[PDB]
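The form solved without the ligand is given below as one chain in structure tokens.
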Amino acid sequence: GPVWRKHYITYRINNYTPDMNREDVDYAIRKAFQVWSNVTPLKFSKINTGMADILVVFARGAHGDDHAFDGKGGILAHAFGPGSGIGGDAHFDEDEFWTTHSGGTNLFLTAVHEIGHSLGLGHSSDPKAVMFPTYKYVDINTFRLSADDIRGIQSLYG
């Protein structure tokens, strides 16, 4: 599968969910990128204008790709693997209620998973792994990447 062939990667937050404080969206997304830069040679920088590698979008229903959202529940988000244009982009379903905590759907935890896809990871069959296909809340303040996820990403980078 495709991988980024460079170490400096940019992201841009296209728009913000009204579910959360602006600064909390920024922080959740920043921390999610950090999870992966911790275990690879990758560096992530937020840009406010122009073409980023990874565009972060909040949208509902049909939103201009082959991955229409399905209302509250079900599919929470999706992302494209490394590549030009839409490649790398991560989309979050606005019909979910995004939060900083255990209520609603945790943005940070969801973003860690989707960014995994943005970097070229597939799914894991291990329920402990963040790349498990289905969402589950774990304490965000003590979150640690599982051994399986580390193995997965280190097969692609570093």
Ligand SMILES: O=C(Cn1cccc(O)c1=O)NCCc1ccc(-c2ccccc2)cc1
Contents of the next structure:
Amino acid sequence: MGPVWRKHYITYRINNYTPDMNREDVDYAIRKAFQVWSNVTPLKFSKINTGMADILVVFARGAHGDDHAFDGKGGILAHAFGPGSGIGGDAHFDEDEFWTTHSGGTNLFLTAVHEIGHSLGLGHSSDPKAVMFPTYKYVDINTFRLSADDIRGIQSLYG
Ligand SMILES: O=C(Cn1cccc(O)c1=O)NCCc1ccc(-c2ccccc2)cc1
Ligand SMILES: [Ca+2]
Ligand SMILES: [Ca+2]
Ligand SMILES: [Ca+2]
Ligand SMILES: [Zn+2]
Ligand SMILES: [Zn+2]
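In place of the form solved without the ligand, the structure of the form deposited with the ligand bound is requested.
Next comes the full complex, and the chain you just saw is listed first.
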């Protein structure tokens, strides 16, 4: 297996907010994205407002300090680093995307579920119904669920 967090209690911080959305809508999307993974693992996620966090959430564009420049509007929407110290675990969202609460532009929640998947140590799935499938499709956020493969995946890492 790839790297995993060596503890079940994991902290996150939002470094900065996309101007695409209300601040409160960003907090909710991220919180709900961690809750999706919390619901099928022993993992507990704690939001910190100041100081050291395992998972730093970042909105940045272009070349943004890692070896993985974004590519402007479209193509790559986001990446994340698997478990580790420093940039390990951090989730980066391409600010050249139009982040939304809905089916318009790019839904932040759905993208964050995928990214936090990687932050917890998951690769991509070959199952097209998996959130860890490489490509973004909007699906109804009310009816949204992890696929059997996504649960199998994160449960093989934690519990
Ligand atoms: O950045 C991407 C997808 N993507 C799209 C167009 C062109 C690309 O080169 C490309 O990589 N993927 C990482 C983000 C991501 C992947 C899957 C999902 C997803 C959304 C809803 C249900 C299942 C998976 C969300 C976000
Ligand atoms: Ca992009
Ligand atoms: Ca980190
Ligand atoms: Ca934007
Ligand atoms: Zn990055
Ligand atoms: Zn991915």
